[PDB]
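Okay, here's the structure, questions in a sec.
Heads up, one of the protein chains got dropped from this complex, but the rest are sitting where they should.
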Amino acid sequence: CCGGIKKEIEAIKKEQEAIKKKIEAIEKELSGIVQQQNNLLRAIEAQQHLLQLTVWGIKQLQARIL
Amino acid sequence: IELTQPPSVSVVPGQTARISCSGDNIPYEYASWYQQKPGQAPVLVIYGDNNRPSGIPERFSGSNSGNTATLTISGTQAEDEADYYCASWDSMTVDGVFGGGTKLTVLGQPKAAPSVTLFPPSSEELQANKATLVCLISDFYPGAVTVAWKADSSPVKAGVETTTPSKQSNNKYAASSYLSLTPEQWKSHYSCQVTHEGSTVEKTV
Partner (left out) sequence: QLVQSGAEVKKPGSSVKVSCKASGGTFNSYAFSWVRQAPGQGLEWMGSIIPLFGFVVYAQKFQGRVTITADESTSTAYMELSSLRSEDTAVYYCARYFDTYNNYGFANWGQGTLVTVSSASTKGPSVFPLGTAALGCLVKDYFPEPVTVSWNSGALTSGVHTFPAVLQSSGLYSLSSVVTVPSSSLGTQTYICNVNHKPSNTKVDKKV
């Protein structure tokens, strides 16, 4: 029954603690991605406001002229 | 492009109100509705589709079918009595164009008697051959009143200028009346027959 149980405990701590570390590095890649995502969000929103403003600008220009 | 509104709309409180805005091609999202209480700048209440700016009550709705846009007000309150305008932009010239405006008149406003005050000439004035009388008329409805004068038991025709009533701080109306004098007239006797809806009120001292 025993004998083998002694060695088996070691590996199911090592392999399953390297998992712990493997996890904390994933949560850190996660928060860095959420961060980067929100930046693109505000980037795009700043872009579309500028775009709409320029679309409106050309509209007014052609009317003032044609 | 042009926009036609009904000059006036009146509704009973609790029930919905609809203000139409008729025009040819009122683009789509270019439309807007504004609220304008008496001496204020307009307030954007609905813009484009059916968007309320954050701060506008949920009872205001915007709608469009054919050539007509329509501001809708669920459960109309008495404080919604104001001039309503619609506006948009020409798809061709990019000209901004407003509607004529719609006076919303919420019905059922209870009858109100004037809270009248009367102020006599001051200790600084009559050292310059005048002397000035006043008459202050607050919180009455409906806003319509005739101010008769009495030089102690006797009326006065000449020298009387009185203001037309106007929508007040609340939703009632107010006005005022004037009649200047001389130190050769004042210190030798006044009443103020402000008459509206029967309730004739007068002041003295």
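Order as written gives the chain letters A and B; numbering starts at 1 within each chain.
Basically, a residue touches a chain if its C-beta (ideal position, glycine included) is under 8 Å from a C-beta of that chain, and two chains touch if they have at least 3 such contacts.
Looking at B:51, B:61, B:72 or B:193, the residue that reaches the missing chain in the full complex is B:51.
Within the full complex, the residue among B:176, B:191 or B:193 touching the omitted chain is B:176.
The missing chain lies against chain A, touching residues 45, 48-53, 56-57, 60-61, 63-64.
Panel shows chain B; residues 29-34, 41-44, 46-48, 51, 53, 83, 85, 87-89, 93-101, 117, 119, 122, 124-125, 132, 134, 136, 138, 161-163, 166, 169, 174-178 of it touch the chain omitted from the view.
FYI, only the chains that are shown with their structure count from here on.
One finds 56 Å separating the Cα centroids of chain A and chain B. Listing the residues of chain B that touch chain A in their complex gives 92-95. Interface residues of chain A, counted against chain B in their complex, comprise 56, 59-60, 63.
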